[PDB]
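The data below hold one chain only, encoded as structure tokens and taken in the form solved without the named molecule.
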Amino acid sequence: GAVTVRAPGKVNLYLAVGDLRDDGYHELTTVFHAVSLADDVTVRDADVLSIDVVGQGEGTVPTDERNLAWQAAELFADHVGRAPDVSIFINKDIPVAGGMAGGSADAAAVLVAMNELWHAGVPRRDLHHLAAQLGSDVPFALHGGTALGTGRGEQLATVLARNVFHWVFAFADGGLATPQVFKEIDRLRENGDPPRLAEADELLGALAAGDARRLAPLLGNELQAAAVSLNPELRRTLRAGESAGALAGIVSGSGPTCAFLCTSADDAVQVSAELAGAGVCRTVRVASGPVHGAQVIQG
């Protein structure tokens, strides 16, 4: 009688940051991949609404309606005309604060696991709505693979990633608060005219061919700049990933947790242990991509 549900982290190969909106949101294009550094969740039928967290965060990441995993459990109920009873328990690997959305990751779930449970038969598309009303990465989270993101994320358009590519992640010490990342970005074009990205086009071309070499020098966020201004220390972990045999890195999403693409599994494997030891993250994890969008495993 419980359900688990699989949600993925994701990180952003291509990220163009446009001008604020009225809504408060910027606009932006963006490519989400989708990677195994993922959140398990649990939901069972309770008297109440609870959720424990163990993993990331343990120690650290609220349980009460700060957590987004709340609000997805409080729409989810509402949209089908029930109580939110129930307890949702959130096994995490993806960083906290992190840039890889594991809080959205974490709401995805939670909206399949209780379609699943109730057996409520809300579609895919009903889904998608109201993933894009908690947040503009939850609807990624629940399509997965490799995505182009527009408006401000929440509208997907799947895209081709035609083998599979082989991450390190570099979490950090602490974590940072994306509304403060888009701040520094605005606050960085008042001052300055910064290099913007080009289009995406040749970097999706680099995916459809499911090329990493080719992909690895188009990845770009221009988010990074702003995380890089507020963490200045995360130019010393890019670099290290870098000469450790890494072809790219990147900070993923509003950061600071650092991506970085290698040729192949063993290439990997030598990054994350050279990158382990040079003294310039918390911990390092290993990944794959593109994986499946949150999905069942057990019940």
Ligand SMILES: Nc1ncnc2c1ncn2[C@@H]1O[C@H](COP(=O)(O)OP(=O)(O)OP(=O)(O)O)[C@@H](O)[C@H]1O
Contents of the next structure:
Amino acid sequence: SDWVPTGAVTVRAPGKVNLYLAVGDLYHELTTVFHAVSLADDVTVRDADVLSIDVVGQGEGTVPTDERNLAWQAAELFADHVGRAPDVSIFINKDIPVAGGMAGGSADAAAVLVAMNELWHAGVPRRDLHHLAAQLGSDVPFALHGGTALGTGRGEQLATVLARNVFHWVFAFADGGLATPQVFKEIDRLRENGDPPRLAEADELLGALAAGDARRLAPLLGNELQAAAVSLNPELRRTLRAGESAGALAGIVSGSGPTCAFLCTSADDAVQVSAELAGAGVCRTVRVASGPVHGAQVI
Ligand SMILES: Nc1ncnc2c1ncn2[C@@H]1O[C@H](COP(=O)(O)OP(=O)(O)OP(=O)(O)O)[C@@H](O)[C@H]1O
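Having seen the form solved without the named molecule, I'd like the form deposited with the named molecule bound now, please.
Shown next: the complete complex, the earlier chain at its head.
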């Protein structure tokens, strides 16, 4: 169903959820376990007379089509790297929520890097694409990488980890969005203010992933940005509680929010959870997905 015209390159790049997200000091130092899921954007790139961006799907109305778009920035950076003008049209069919904590703009940017490399057969190796991604944004490297990975530094340095099963997810999109800088500002505010708990080390969580054990994983999920996202959007507490009472093993805010993610034991539980959330009047719209999935790849 992807747009794949002759001459074009179409690339699918996944959204993410942070299974584990510890936030340090003052970019912020991060330790995170990224997990790529089957809610993805598909990006079709063609040679054209000028650089352009068109969007359908999530944010059809509102995602900018100019220099504000991370995909614009990606095309310019890649063109410069290989010594060509960025004369491509970019079409983004988005399932990843806008400003929702699943790094959809980052997916779009990673997809453009991959699509252009193929379109022009530029021979840019994966390590060089990684460097370009890191220049673009903190979550772009993971969008290239996919699977499940331990991100350090500010998230750009990645060590793959084993997630030895298919993991079943429900995502609850919020009515609006959050600006990730606002959410980082808020966690700093919360910490000026009190001395709330920090996550344990990621050891146990990584062990549960390596065992492929969702029931063990669930109570170990955690995201230090969640308190900031819920401080800003208190209604998220209703969404989380609803998903949990519907049968999710655990609910967590995804990244800087406001999307909520719910880990379920099985496909059938994700069926139940998504159906009840949709019926509970606590979020905008509901999605079912699985992970892990691949990083940005040509279709
Ligand atoms: N390709 C794009 N898709 C969506 N938003 C984009 C894109 N390019 C630029 N933007 C702008 O970026 C912001 C939203 O980015 P995005 O949807 O990636 O947020 P996010 O998923 O919460 O990101 P993260 O979780 O990586 O911090 C908005 O300010 C939006 O106008």
